[PDB]
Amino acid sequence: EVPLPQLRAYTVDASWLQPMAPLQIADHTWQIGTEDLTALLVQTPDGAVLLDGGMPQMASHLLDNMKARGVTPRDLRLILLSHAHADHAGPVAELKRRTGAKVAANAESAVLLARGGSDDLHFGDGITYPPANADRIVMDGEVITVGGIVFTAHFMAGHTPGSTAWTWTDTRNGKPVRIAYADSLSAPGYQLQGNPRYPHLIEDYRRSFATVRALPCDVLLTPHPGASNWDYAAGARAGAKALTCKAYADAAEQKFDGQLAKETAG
């Protein structure tokens, strides 16, 4: 006679959990996550912004990297998110407890974050994490300003309903660098067609491809660096092979179209 199964932990490739030292992207912007998950620290004269934290167990590593950059816990002011899955929003609750930081997010991302990623449209309760509350709700095209650095939200619903690209202009060599942190455009194991939980999924992905294509985008980064052809472990040439936003959108749409054809066959 047979017991119910044990809960299964959300396990991931080792590289997703492999710590790295801070890697500078531009004058104020640093990758402080792991080798295969993005967590961006933007340092300003008036405190720091974090865009994503990666997995739940990355909190202490992120704070260690912030310390290495001269950002104490009290200096972290704002947390922004690409999307509220466990592999990007994992440590957010813990970061809020351990720091000054408040969270800004759209309504979709706020509702998913508040349930710790449970009742996911596609994953059910398989990929959960500690719940957190948003301190501010943002609308599409709304800007947030920290220490003179302006962050713009561009909604790109698909991967999750609240999926967001964040854009801001940093500098390098006395010139502006328009950074686009564009969310995932994957649909891993999703039912795309006729999904009762997401009836207009396909139309949203199509609009999201177009949004990503048109972003101000001297430099693209993505929550999974591989999606944009970054190699964070390659030091001075980490970003050399990086995709444009145009190429990223196009590659995603081709994969998505292939997925639709396979789903129809399957």
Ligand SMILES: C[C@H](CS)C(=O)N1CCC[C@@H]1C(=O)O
Contents of the next structure:
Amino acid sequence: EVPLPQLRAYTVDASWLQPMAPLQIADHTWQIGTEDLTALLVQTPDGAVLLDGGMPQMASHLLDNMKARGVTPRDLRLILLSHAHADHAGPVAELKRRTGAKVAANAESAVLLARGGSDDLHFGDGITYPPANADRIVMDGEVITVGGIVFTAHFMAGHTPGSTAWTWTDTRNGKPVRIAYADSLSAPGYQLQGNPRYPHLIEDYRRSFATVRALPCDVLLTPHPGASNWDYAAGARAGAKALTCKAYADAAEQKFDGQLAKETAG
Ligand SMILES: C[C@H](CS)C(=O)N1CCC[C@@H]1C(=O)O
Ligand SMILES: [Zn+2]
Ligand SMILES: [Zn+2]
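If the structure you just shared is the form solved without the named molecule, then what does the corresponding form solved in complex with the named molecule look like?
Once more the chain from above appears, this time first in line as the rest of the complex follows.
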């Protein structure tokens, strides 16, 4: 007799789980995640913001990096998300338990986060994580301000219904730097055409390419740094090769058009 298969854990490349020290992006903005997963800390005179947390098991690493920056659990006021997949929202529940952080997300991201990534439109229960509740629901173009840093939400539905780009203005060398944290624009294994769970998927992706192309974007960062040609392990030249938002969107659309043709052929 043959039993049912064992549950399969969501395993990833080692680099995605490789701790790194804080890497400064601009005067108030640091990468504090791993070599291959972004987790941005924005530190202000009136508290700190975390954009994404990476994988579930990264909670303690993030807190150690925060502490290295001078940010205590109480100082963390807000968590924002690119999208609510396990490799970006993974430790959110734990972070909420262990800090003062509240979560702000759009309705789509909130509902997916509340399900722990279960019943994903494309992955089903393949990639789940501890569920968390959002404290505040944000609308497209809504701004959230923490210690003078103004974060604007730009909905860019496709990778997930709730995919969001977050933009804000920091400084570097006395000059403004408009940072754009643009979400994933991939569709990994997705049925793109005539998908009953996402009937307007293709139109949403196309609108999202347009949104990304137009973002205020002196510096682009992405949840997977490789997608925007960042190399977090490259120290002083980590961001040297970074794509513009325009180039990121163009590359994403070209890949998408190729995937559509492959889907039609398959
Ligand atoms: C399982 C994750 C969720 S973002 C995934 O599908 N990835 C990670 C890197 C590449 C691939 C994709 O988004 O195309
Ligand atoms: Zn994802
Ligand atoms: Zn991912």
